[PDB]
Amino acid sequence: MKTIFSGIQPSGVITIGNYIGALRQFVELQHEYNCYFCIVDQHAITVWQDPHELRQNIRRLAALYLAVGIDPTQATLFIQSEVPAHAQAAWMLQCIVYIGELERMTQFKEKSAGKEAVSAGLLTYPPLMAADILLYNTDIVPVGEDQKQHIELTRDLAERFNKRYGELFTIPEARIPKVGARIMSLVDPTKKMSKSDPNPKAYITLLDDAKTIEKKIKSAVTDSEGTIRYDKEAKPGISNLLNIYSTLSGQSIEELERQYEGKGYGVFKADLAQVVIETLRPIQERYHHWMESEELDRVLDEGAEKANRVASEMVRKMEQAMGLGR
């Protein structure tokens, strides 16, 4: 069967945008593919991290993955740093990528914007992501739209390596949701919902309580049409709300538009907030159980064992192809 790989950075804020664009895909696809889901801690350190928060955020993210329903018997869940192959593969790929290719990455340009003094990990972020994916002979990489370009570069690297050293890598392909590929800020619906937004009202975290979710949904910027119709360009706010509602409820955009024919934003928002709470509650309760269990570490231990067996062998093949070592 085919292989899937996907990663998420461990951080203080895991949003419903991460859930809808990614985690929901992981759970959907886990039984049909060989799955590798990673907590990308080495990618997290591309920007300064408080060490204590990082260690906690890594456990938090593992807990959320399992809380959302990632099943360790169906998928391999692990921490990037615990599989040395990623760093090994990243170095080899860094040697074949051009500086200009890295410089044109939008993620890099955005994260480095208006900085003095940019840390190099930010620039070399892609080769490490390419190594993440290529290590496992990945076919499909389920992500939100913001990762598309990185995966395009990964494809370029895989092809370059294969041309130079002999066919070794499978050329991976992004799988990006039709609806919910890019969940926007509740505060400014022309902007992507980001885990680093200085305004906490811009995102809903997976651990937000009911009152908080209600406040954030109610406050979500809309328009003065009082019409619940999807129109990304004309009604960015309501359209984004419709995407969240659709993806989380399972109802189609058309279904919701009819359901709310003649209705105002007030009833819509109240109903949406209930849909968000309904989604998050069971996740939160499963999350706290994981956070207090010794089983969390056992799952990660098993995930790292499997990941290492696979990635280490690919690293051997990579080295043999380039002539490194012996």
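Superpose the two forms; the largest set of C-alphas matching within 1.5 Å is the rigid core. Numbering follows the first chain given and starts at 1. What changes on going to the form deposited in another entry:
- Of the residues listed here (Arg298, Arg281, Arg55, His31), only one shifts its CA by 2 angstroms or more between the two forms after fitting on the rigid core, and it is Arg281.
- Once you line up the core between the two forms, the Cα of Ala113 ends up 2 Å or more from where it was.
- Positional change of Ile96 between the two forms stays under 2 Å at the C-alpha, relative to the superposed core.
- Superposition of the core reveals a Cα shift of 2 Å or more for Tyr245 between the two forms.
Mind sharing the form deposited in another entry? What's above is the form deposited in one PDB entry.
We keep it simple here and write out only the one chain, dropping partners and molecules.
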């Protein structure tokens, strides 16, 4: 089948927005395509991290990905650092990428007006990300609007390498998410929902307990009209809430409007709070079952193992072309 590579920054918290926009759809994709889900812990180290928190967030993320419904026998789930080829191929590519290319990256602006105290990791992480991708001959890389820049560079490195040393890598394509909706902040309906929002009331986490989901939805910003009708502009807040309600319950927007006809936001919010709790419940159940189970490790184990099989043969061929070793 076609291959798909997806790197996951270990951070132990993914929003209902991530779930709805991309994650959820993967459970389907994993039968049509050959998926790889790498918990890129080496990339997470480019910025300060607490060792214990990071070690923890790596298990959390794997627990949660399985909990959501990723099948470890169908797809491949693994931790980046337990597959050495990543770092090995990262070095080889660093050697074919020019400094300029990495400097002119619309993300290295992190150098902040004379910071200087920036890890070289920040500057060099793109060639590692190219490795993550290229090592498995991936075809599609499900990234957002923002990442596109990195995809292009890996595409460039792939070809540069191919022409200099021979046809080895597959040029990857940056495919966008399905969504067709987008989940906005509950506190500012114009802004997009994210884990990195300074206000916790802005998002709902797949591990938020009922009491907290109840609390956050009540607070979600609506408007003064008092009617449950879809209106992108004019009624941003309601329209968002309706969007969340609809994708999770399977009921149309037209349907939900008709249902909440002469009802106000008070009950609407109380209803939504429920549909969310009813939807996260099994996930939070399964998740804890995975955090307790030693079967988790056995999964990561065969994950790496399956990944290593391919990565290695790729590096072998890379070292072969470059002229390294024997």
